[PDB]
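K.L.:
Below, each chain spelled out in residue letters.
2 protein chains.
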Amino acid sequence: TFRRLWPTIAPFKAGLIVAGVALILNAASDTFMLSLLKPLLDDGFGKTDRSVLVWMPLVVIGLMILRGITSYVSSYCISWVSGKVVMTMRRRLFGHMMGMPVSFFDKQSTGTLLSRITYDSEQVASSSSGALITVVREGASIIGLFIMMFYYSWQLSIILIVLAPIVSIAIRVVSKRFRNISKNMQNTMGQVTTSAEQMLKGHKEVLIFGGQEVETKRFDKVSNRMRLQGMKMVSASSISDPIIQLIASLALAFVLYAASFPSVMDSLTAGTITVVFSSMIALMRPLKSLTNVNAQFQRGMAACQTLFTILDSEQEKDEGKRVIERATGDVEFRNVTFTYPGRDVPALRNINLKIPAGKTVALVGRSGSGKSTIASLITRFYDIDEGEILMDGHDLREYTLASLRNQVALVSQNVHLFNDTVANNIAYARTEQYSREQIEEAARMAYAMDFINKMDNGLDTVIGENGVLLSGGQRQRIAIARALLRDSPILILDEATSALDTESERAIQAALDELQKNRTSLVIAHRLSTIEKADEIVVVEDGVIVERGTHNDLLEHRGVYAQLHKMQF
Amino acid sequence: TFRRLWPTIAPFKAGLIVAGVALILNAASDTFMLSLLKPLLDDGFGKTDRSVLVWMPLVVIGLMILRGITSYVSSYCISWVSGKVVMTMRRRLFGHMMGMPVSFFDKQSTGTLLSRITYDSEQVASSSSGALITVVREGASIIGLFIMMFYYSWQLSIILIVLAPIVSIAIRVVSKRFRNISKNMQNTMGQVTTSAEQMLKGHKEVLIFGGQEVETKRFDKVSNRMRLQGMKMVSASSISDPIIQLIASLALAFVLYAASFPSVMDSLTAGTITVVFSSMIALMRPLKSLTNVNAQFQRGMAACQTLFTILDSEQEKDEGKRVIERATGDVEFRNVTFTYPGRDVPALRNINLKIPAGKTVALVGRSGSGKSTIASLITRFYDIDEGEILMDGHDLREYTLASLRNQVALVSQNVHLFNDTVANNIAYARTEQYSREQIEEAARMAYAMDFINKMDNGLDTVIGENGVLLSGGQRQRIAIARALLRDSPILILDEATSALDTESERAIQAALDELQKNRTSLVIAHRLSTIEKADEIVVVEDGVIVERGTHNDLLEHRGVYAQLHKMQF
Ligand SMILES: CCCCCCCCCCCCCCCCCC(=O)OC[C@H](COP(=O)(O)OCCN)OC(=O)CCCCCCCCCCCCCCCCC
Ligand SMILES: CCCCCCCCCCCCCCCCCC(=O)OC[C@H](COP(=O)(O)OCCN)OC(=O)CCCCCCCCCCCCCCCCC
Numbered sequence: 012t013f014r015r016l017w018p019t020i021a022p023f024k025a026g027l028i029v030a031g032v033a034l035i036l037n038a039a040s041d042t043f044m045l046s047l048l049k050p051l052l053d054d055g056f057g058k059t060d061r062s063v064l065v066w067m068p069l070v071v072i073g074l075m076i077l078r079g080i081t082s083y084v085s086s087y088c089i090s091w092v093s094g095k096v097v098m099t100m101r102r103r104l105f106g107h108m109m110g111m112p113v114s115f116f117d118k119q120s121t122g123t124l125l126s127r128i129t130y131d132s133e134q135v136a137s138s139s140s141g142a143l144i145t146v147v148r149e150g151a152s153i154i155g156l157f158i159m160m161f162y163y164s165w166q167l168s169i170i171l172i173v174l175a176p177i178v179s180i181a182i183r184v185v186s187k188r189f190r191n192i193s194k195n196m197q198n199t200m201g202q203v204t205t206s207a208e209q210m211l212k213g214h215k216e217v218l219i220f221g222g223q224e225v226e227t228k229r230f231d232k233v234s235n236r237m238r239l240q241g242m243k244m245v246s247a248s249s250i251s252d253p254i255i256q257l258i259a260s261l262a263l264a265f266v267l268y269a270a271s272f273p274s275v276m277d278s279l280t281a282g283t284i285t286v287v288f289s290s291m292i293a294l295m296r297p298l299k300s301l302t303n304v305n306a307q308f309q310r311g312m313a314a315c316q317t318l319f320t321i322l323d324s325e326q327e328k329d330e331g332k333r334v335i336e337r338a339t340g341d342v343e344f345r346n347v348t349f350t351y352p353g354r355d356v357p358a359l360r361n362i363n364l365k366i367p368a369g370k371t372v373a374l375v376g377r378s379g380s381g382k383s384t385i386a387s388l389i390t391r392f393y394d395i396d397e398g399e400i401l402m403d404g405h406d407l408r409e410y411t412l413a414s415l416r417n418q419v420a421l422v423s424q425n426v427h428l429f430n431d432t433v434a435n436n437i438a439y440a441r442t443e444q445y446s447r448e449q450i451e452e453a454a455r456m457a458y459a460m461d462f463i464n465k466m467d468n469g470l471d472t473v474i475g476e477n478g479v480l481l482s483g484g485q486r487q488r489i490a491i492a493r494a495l496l497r498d499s500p501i502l503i504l505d506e507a508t509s510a511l512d513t514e515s516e517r518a519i520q521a522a523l524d525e526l527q528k529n530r531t532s533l534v535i536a537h538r539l540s541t542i543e544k545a546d547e548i549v550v551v552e553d554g555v556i557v558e559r560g561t562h563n564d565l566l567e568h569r570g571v572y573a574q575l576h577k578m579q580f
Numbered sequence: 012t013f014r015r016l017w018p019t020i021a022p023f024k025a026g027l028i029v030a031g032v033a034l035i036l037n038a039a040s041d042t043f044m045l046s047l048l049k050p051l052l053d054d055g056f057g058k059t060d061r062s063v064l065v066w067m068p069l070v071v072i073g074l075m076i077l078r079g080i081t082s083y084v085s086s087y088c089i090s091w092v093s094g095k096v097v098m099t100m101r102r103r104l105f106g107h108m109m110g111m112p113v114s115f116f117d118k119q120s121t122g123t124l125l126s127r128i129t130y131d132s133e134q135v136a137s138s139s140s141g142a143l144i145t146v147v148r149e150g151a152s153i154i155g156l157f158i159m160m161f162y163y164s165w166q167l168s169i170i171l172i173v174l175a176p177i178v179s180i181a182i183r184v185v186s187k188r189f190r191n192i193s194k195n196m197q198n199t200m201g202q203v204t205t206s207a208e209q210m211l212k213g214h215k216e217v218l219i220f221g222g223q224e225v226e227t228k229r230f231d232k233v234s235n236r237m238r239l240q241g242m243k244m245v246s247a248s249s250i251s252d253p254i255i256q257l258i259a260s261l262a263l264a265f266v267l268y269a270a271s272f273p274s275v276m277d278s279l280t281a282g283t284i285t286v287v288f289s290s291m292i293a294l295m296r297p298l299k300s301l302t303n304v305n306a307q308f309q310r311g312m313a314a315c316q317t318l319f320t321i322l323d324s325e326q327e328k329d330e331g332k333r334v335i336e337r338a339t340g341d342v343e344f345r346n347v348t349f350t351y352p353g354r355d356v357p358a359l360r361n362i363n364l365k366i367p368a369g370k371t372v373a374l375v376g377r378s379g380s381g382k383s384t385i386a387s388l389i390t391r392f393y394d395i396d397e398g399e400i401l402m403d404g405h406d407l408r409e410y411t412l413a414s415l416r417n418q419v420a421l422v423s424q425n426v427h428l429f430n431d432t433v434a435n436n437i438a439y440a441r442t443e444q445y446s447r448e449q450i451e452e453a454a455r456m457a458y459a460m461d462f463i464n465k466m467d468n469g470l471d472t473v474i475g476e477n478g479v480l481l482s483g484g485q486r487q488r489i490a491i492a493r494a495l496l497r498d499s500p501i502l503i504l505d506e507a508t509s510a511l512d513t514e515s516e517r518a519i520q521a522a523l524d525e526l527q528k529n530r531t532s533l534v535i536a537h538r539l540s541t542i543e544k545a546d547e548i549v550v551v552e553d554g555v556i557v558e559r560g561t562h563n564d565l566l567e568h569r570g571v572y573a574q575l576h577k578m579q580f
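Which chain is which? The protein sequence lines are A and B, in order. Each residue of the first sequence is one higher than the one before, starting from 12 at the first, in the entry's author numbering. Each residue of the second sequence is one higher than the one before, starting from 12 at the first, in the entry's author numbering.
One chain only, chain A, in its complex shape:
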């Protein structure tokens, strides 16, 4: 196909014309070495004055140091252009996949999606520059061995391109008739292999009816039939070869015969026949690799469509209306329902919920009724299907996504810590505005100063993976510190795991309670300590909220909240 990949290659056009000037000389330095068999065999060995054997070693090494220097220059000027186009393309893939809908990463997976910037992204330059040092290198040793063949003796070298195709079609139509004959009788052997299978199945009938010496005298007759049939498809294959060498041997019985009549011989000497025939066997390695130049350019440039689909997919919906400085209000769900893209059954049906100002709510769908699903919608990770969610008395879809997610922080047990310093992972993405003094204040407020003080360099230790490898308990307290520093009004505390690792858990529990003073909170509760203190507990009954009320109004009525209370016990 024709592709729009060239504009990325076009700036790096200085390495694609030095790997073609210093790569033709790698093919014109091999065609110039086969030509040294003429002065060697003709007038270097036969006669006396052995000066063409002291002159020649300096020329076979001189054409092998020039074949090395011209092969390391054609592999550094094609790996500098095949390494700067698989770098300005991987950057584009990791500048568009960081802005797609969250629903895309699921249904794809992190591992498989990393195979489109590491494996099927160098295949666009490992099988498109590998089909350019094969049509320029092995397409220049064919125009080098054709003007070396004709230069020496056009009489013998023009007979070798009139018998070359005639021999090459008599080898194919002879090798083809023994390929449908060895395939015709191949299916005949399938009618006896199955005939053996139709007697191993009825083993229980072989025994019960007393027939054991009768079923064995039938495998003395159907095993003797796939031997003779197996001995016929090897006699049709061992006749396939001797008579494509005899057809090619008659080719080397007319060239020798042809070069004995006076006009078409002249004097072809001892050289000028080991250079015209040795050139004709070195000419057949380029010709069996110049055929696979569109079967390799369609295997590299066909992998430039599986990643140009990703590069041209739809990004997130950025329908923005207004900038929200601070969400000094309440978040209201009003008859909202949606399903995950990928599943068919509805996940959460029509729901009406409200998060008042300066208050907190709880969601206990612990059986697995999508209680975690009311955390993605407020952040617009997954877009709603029907209904409306209003923040500060206005729909979420109005605001810009940049200014909406700014007013939200997801504190949870699973937090991805970047491979950076702890002074950055505490103030990630806004290290410019916030000073180092405030970062210490945030950490001390979170009561996470103990772990950071234990670090070697304090507020500069590499904290992410391939670093100091903090444990799971310490990761959470950094998230509290991170959320506290930015002062995001909304709060969607996960608290999924109710650990009992005291001291560490006491600090986490004490630290979390400090965060929930202002800053309207949603808690997807698994720990019963913080369920009862909430202003208004709510429970997700499958797809819709059914039971709503404080801790005691919902317990006097049985419903399922009370049973959920007994499930905890």
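Worth flagging that the hints you see were computed from the coordinates, not collected in a lab. Honestly, I wouldn't trust all of these hints.
As the list makes no split between identical chains, a pair holds if one copy fits it or if it spans any two.
[To be verified] Keeping only pairs whose Cα atoms sit at most 27 Å apart, straight-line, the calculated DSSO-like set for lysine-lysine is:
| id | residue 1 | residue 2 |
| --- | --- | --- |
| 1 | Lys243 | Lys95 |
| 2 | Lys194 | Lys243 |
| 3 | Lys544 | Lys365 |
| 4 | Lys243 | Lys228 |
| 5 | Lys215 | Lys365 |
| 6 | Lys95 | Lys228 |
| 7 | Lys95 | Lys24 |
| 8 | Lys215 | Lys118 |
| 9 | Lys24 | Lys232 |
| 10 | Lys328 | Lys212 |
Fit chain B with the ligands to the known structure of chain A by using the hints.
P.N.:
Positioned in the frame of chain A, the structure of chain B with the ligands alone reads:
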């Protein structure tokens, strides 16, 4: 190696000592053609003597016809010994896999067991004659090319055996140093790829925290390292080939330089330097192919152990030699427990069942476990764990296995039919004693005569697979016919048909009712009609005989027989 396969080949020492006489002659025809280079390049392709090109083309034809005739005789005389030592192993394999316990056939191998007759029995004579063609052909091809190289010139052919290991060890130790550097530099790419991986995972954290530019200004540094550490791996691999080519070209330079010194060291004639310098080129294929001889003789004699394990295994327990002619008695189960091999959970605990003379029993329990297992034990398809099964006043172990299994007939919907004319399929394994008139009478009594007459030749049409073929009802009726003809005085109906095809089910039911006059019946029950008309009914579930009684006496007590009607109704 164990090589106890040799006794099966010892009778065939007539192809193996012709494929070594007509193969040394094939190897000594690729050596007598390279010796046609010295007369050509020396004594008639560079002189007025235009006669060596007149008798030579016909000598190439007369040596390539000889090569073909000596290569086809060495492929027909070793495909005849590779055929009669595999055909005589696929008669001991299918002469021992037809008398072993049924449990071996059930699930340990169902369709893969034919790979031991078709694939792993041909992979023993296809990689043990391919490691003898490649050690007598290409082990004489390096004696021919070692004597031709020494005869033409012993001074230049001894500076190619003393000067070749120097080159080989140098190439190997130069390649090892660039192979363990390209592997030390390979792990840095992994350590960078994982660093790139550890930012694709936290996409939700990349979005919610607002940092979309830090993550793309960090990939500009993580991917700018990938190209610099990737092109290093190319620069450290494109230096290997240019150096190990120069090391090999230096040997060529030194060999040519050696011939310069005429102080009794070299006197060649320009054809001796093409017969000696081309044999060395043609002496490396038969040295690369001779290394992979013990890598093929153990890939074709280790797969011969998979056959010798299946062979020489434990056949069925033939203990006991008591003789029984006709079981004119009753089968009396008494406190028998049995479990399938390959599992530990009891499939059938202690049962006590009775099969009196001239009586029938229905083993209902249609839930799908326990009832089916109370038919294999009578025929000793599976041995019993504990307890005793008593037939005609004595245990089954005492009687000979041949004399027991002939006393029972398994009539079932799923019946195997052999690939023979209907004449044997009705009288299988006893076509001698039983006459054709008796077969016709049995077919008439079974009311299968309508279909058999509908066949072209009557009682001579191939009735199994790859033949006339039949519907399930006709197969069942043929099973009834052969059961009637054999006149075995025990009967075990499966009767899992549940068919409702009128005019076929009518005949099947009539024939079955005619069959159950004599021949005490153990009728597995799915259709209620046979359950009604019977002597005694027994219910088994999980090996628990729970309800025993007649159709009416067992209904007033609910239990499960009252529920059995509720299953249908
Ligand atoms: C596209 C990108 C770029 C690709 C670039 C590719 C470059 C490939 C270059 C290939 C070059 C091959 C030839 C190199 C020759 C180098 C010099 C050499 O070695 O000369 C040998 C020979 C002289 O031999 P000398 O040392 O004197 O010993 C006594 C024998 N005369 O020199 C001789 O004089 C030769 C032997 C005598 C020949 C006499 C007969 C000449 C007939 C000429 C016919 C011309 C063609 C006519 C037909 C054309 C049909 C199309
Ligand atoms: C350290 C030891 C030193 C020993 C030194 C001995 C003295 C050396 C003296 C050298 C003198 C200079 C060279 C002169 C050689 C002249 C030979 C000659 O003219 O050729 C004779 C003959 C071929 O003659 P042709 O070319 O057909 O004749 C045509 C008409 N003129 O020539 C040939 O046919 C040669 C090629 C023979 C190839 C034989 C191949 C046999 C292969 C057998 C393989 C099987 C063996 C068994 C293996 C069993 C394995 C299990």
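K.L.:
Are the hints correct? Go through all of them and say.
P.N.:
Comparing the hints with the structure gives:
1. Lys243 <-> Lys95: For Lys243 and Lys95, only the inter-copy Cα distance (13 Å) is at most 27 Å; the intra-copy one is 58 Å.
2. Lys194 <-> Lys243: Cα proximity of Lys194 and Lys243: one copy only (12 Å, versus 49 Å across).
3. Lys544 <-> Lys365: Result: close within a single copy only, 17 Å intra versus 72 Å inter.
4. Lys243 <-> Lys228: within (23 Å within a copy, 69 Å between copies)
5. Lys215 <-> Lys365: Answer is between; shortest inter-copy Cα gap is 24 Å, intra-copy 71 Å.
6. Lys95 <-> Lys228: between (72 Å within a copy, 17 Å between copies)
7. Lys95 <-> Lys24: within (11 Å within a copy, 66 Å between copies)
8. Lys215 <-> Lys118: For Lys215 and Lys118, only the inter-copy Cα distance (14 Å) is at most 27 Å; the intra-copy one is 49 Å.
9. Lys24 <-> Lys232: Between copies, since 24 Å is at most 27 Å while 72 Å is not.
10. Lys328 <-> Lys212: between (62 Å within a copy, 21 Å between copies)
In the structure shown, no violation is registered for any of the earlier numbered hints.
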